[PDB]
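Q: Spelled out, the chains give:
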Amino acid sequence: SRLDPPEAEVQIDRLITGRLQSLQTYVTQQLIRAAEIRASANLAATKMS
Amino acid sequence: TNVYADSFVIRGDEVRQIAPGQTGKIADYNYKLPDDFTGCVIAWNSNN
Amino acid sequence: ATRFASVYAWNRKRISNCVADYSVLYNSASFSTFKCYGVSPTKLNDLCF
Amino acid sequence: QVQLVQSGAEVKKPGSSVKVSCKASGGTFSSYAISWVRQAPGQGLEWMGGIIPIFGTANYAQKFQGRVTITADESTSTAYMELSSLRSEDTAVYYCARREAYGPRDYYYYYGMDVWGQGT
Numbered sequence: 001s002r003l004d005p006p007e008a009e010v011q012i013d014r015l016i017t018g019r020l021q022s023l024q025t026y027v028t029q030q031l032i033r034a035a036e037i038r039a040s041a042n043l044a045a046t047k048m049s
Numbered sequence: 050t051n052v053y054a055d056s057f058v059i060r061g062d063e064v065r066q067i068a069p070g071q072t073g074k075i076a077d078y079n080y081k082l083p084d085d086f087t088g089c090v091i092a093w094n095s096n097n
Numbered sequence: 098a099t100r101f102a103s104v105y106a107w108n109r110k111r112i113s114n115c116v117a118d119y120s121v122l123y124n125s126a127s128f129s130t131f132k133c134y135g136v137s138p139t140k141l142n143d144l145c146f
Numbered sequence: 147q148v149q150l151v152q153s154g155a156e157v158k159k160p161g162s163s164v165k166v167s168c169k170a171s172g173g174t175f176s177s178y179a180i181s182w183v184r185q186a187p188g189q190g191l192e193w194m195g196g197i198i199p200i201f202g203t204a205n206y207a208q209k210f211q212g213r214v215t216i217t218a219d220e221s222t223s224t225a226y227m228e229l230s231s232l233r234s235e236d237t238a239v240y241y242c243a244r245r246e247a248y249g250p251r252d253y254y255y256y257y258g259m260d261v262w263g264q265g266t
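Residue numbers (the numbering used here), protein chains in the order written: chain X, 1 to 49; chain Z, 50 to 97; chain A, 98 to 146; chain L, 147 to 266.
With the rest of the complex left out, here is chain X:
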């Protein structure tokens, strides 16, 4: 609402870089936590059987 498209492109690109890096960090954290949950699920299924 405040910047015309030629500059808006630089400020938005800066926002894209920060938000994309934060989302990639989130997904990586979910993949590692999920892997530990997967190991726990294998232990729980083995104990169930």
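Worth flagging that the hints you see were computed from the coordinates, not collected in a lab. Be aware that one or more of the hints could be misleading.
[Unchecked claim] Once the Cα atoms are required to be at most 20 angstroms apart in a straight line, the calculated SDA-like pairs of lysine to any residue come out as:
#	chain 1	residue 1	chain 2	residue 2
1	A	140	Z	84
2	A	110	A	126
3	Z	81	X	46
4	A	132	Z	76
5	A	132	Z	78
6	Z	74	A	142
7	A	140	Z	76
8	A	132	X	18
Use these hints to put chains Z, A and L onto chain X, whose structure you have.
A: Chains Z, A and L only, in chain X's frame:
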């Protein structure tokens, strides 16, 4: 592929406006150049 | 105006509680420089400060 | 309301210099496109120069460039002319003419010459 040669006369102080990302009476109402422009802008003094 | 201040002792007028029509100031032909930072000069009339 | 009046008629022998005033009463002076024109007896009008007092710059015709000096005195709200090297053909009635201004005032947006002088 092809080259376009656009030509016009402008005011000396206004030579700086014939560029990507510029504002002013000429850049806004007469000749707008795109921000992803590929090319060269050529100007010379033609007072004589 | 007719009595601009010196740059070492520049004047400041505070403008408030009013409607700011910037199309008259922006669309004026009388100014040689109109360079905006933080806002674009052609979207100024849609903003509130 | 607004009107422009100048001094009377002068007679000068050839080769001298003539100075013609132009007083302005009413309105907002120094925004007007003050112009100087002349017409030879039995001939059409001929331009010689013009001046905008706020810009402090004077324009002259090629026929009269280097021979006509025009200045505008903002303090008295008056416009002055100095013409030198008068010749036989140069005798004529002299008119001081103005134009209303509107717009940015740096770029030409002006009305017609609604008001004229009484002659010189």
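Q: Hint by hint, note whether the structure agrees.
A: Results of checking the hints against the structure:
no. : hint             : result
1   : 140(A) to 84(Z)  : holds (18 angstroms)
2   : 110(A) to 126(A) : violated (23 angstroms)
3   : 81(Z) to 46(X)   : violated (70 angstroms)
4   : 132(A) to 76(Z)  : holds (13 angstroms)
5   : 132(A) to 78(Z)  : holds (17 angstroms)
6   : 74(Z) to 142(A)  : holds (18 angstroms)
7   : 140(A) to 76(Z)  : holds (16 angstroms)
8   : 132(A) to 18(X)  : violated (28 angstroms)
In summary, the numbered hints that this structure violates are 2, 3 and 8.
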